[PDB]
Amino acid sequence: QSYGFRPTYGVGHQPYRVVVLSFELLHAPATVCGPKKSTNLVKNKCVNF
Amino acid sequence: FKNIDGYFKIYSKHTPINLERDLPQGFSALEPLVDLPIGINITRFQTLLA
Ligand SMILES: *[C@@H]1O[C@H](CO)[C@@H](O)[C@H](O)[C@H]1NC(C)=O
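If you read the sequences in order, they're chains A and B. UniProt numbering puts the first residue of the first sequence at 493, with every later residue one more than the last. UniProt numbering puts the first residue of the second sequence at 194, with every later residue one more than the last.
Okay, chain B solo, but in the shape it has when bound:
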């Protein structure tokens, strides 16, 4: 997530793992998903769990 002047940028990517360890090796570039034109300041963020 990025908080540029007037577009909250969002990037996403999905890759398999097939193993049980720390973050795997190799590069995986995330692609832009939505611009979300908003002018609201953002300094704190939280995670939504179910």
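So here's chain A without its partners, still in its complex pose:
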């Protein structure tokens, strides 16, 4: 069955775009990792690295 999808329908009948993100593991070791941010490095000083 098809929807109407007219711009005059209420919020209960308006179309919605849904994106689902499913996470998997134990298949491949670390293939999709998040963003690893970094900082500006300095020298000639005792600093943790």
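FYI, nobody ran anything at the bench for these hints, they're computed from the structure. Note that the Cβ used here is the ideal one computed from N, Cα and C, for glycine as well. Be careful, since some hints might not be right.
[Claimed, not checked] Simulated pairs of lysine-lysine, DSSO-like, Cα-Cα distance not exceeding 30 Å:
(1) A/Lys529 <-> B/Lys202
(2) B/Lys195 <-> B/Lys206
(3) A/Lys528 <-> B/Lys195
[Stated by the list, open to error] Cβ-Cβ distance ranges computed for the label pairs, FRET-style:
(4) A/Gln506 <-> B/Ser205: 35 to 43 Å
(5) B/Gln218 <-> A/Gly526: 48 to 56 Å
(6) B/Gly199 <-> A/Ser514: 19 to 27 Å
(7) A/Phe515 <-> B/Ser205: 45 to 53 Å
(8) A/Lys529 <-> B/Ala222: 34 to 42 Å
(9) A/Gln506 <-> B/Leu226: 39 to 47 Å
(10) A/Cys525 <-> B/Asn196: 19 to 27 Å
(11) A/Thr531 <-> B/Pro209: 21 to 29 Å
(12) B/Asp198 <-> A/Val512: 43 to 51 Å
(13) A/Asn532 <-> B/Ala222: 46 to 54 Å
(14) A/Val539 <-> B/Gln218: 43 to 51 Å
(15) A/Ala522 <-> B/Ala243: 30 to 38 Å
(16) A/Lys537 <-> B/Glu224: 33 to 41 Å
(17) A/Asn532 <-> B/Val227: 46 to 54 Å
Put chain B with the ligand on the given structure of chain A with help from the hints.
Using the frame of chain A, we list chain B with the ligand on its own:
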């Protein structure tokens, strides 16, 4: 080629021969080329010829 737990290691090296005999003498260490992260078991291999 190596089949470690989660990284198919690949090593390569190129050296001249200039002679026609068995494998030459001298050492030639192969350097790593790519990690190839895969978790697939490998027990058989073949050679691709043209
Ligand atoms: C691949 O090797 C692992 C480790 O020995 C084993 O647990 C698994 O059952 C193997 N899978 C296949 C399809 O042979």
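Each hint, compared with the structure:
1. The hinted pair formed by A/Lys529 and B/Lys202 meets the criterion: a straight-line CA distance of about 28 Å does not exceed 30 Å.
2. At roughly 15 Å between alpha-carbon atoms, B/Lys195 and B/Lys206 fall within 30 Å of each other, so this suggested pair holds.
3. Distance check on the hinted pair: A/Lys528 and B/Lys195 sit about 29 Å apart at the alpha-carbon level, within 30 Å; holds.
4. The hinted range of 35 to 43 Å is not satisfied by A/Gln506 and B/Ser205, whose Cβ atoms lie roughly 58 Å apart.
5. In this structure, B/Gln218 and A/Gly526 meet the distance hint of 48 to 56 Å, their C-beta atoms being roughly 50 Å apart.
6. In this structure the supplied range 19 to 27 Å holds for B/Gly199 paired with A/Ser514, their Cβ-Cβ distance being about 21 Å.
7. Roughly 35 Å separates the CB atoms of A/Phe515 and B/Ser205, a value that falls outside the hinted 45 to 53 Å.
8. Judged by the Cβ atoms, the range 34 to 42 Å given for A/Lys529 and B/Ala222 holds: they are separated by roughly 36 Å.
9. One distance hint, 39 to 47 Å for the beta-carbon pair A/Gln506 and B/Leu226, is violated here, with the actual separation near 53 Å.
10. Look at A/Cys525 against B/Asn196: about 23 Å separates their beta carbons, and that is inside 19 to 27 Å.
11. Here the CB-CB span from A/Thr531 to B/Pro209 is close to 46 Å, at odds with the stated 21 to 29 Å.
12. Between B/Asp198 and A/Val512 the Cβ separation comes to about 31 Å, which falls outside the hinted range of 43 to 51 Å.
13. A/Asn532 and B/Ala222 have their C-beta atoms about 36 Å apart, which leaves the hinted 46 to 54 Å range violated.
14. Separated by about 49 Å at the C-beta atoms, A/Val539 and B/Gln218 satisfy the suggested range of 43 to 51 Å.
15. For A/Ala522 paired with B/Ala243, a C-beta distance near 36 Å keeps the hint of 30 to 38 Å intact.
16. At roughly 34 Å, the beta carbons of A/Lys537 and B/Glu224 sit within the given window of 33 to 41 Å.
17. Checked against the hint of 46 to 54 Å, the pair A/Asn532 and B/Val227 fails, with Cβ atoms roughly 30 Å apart.
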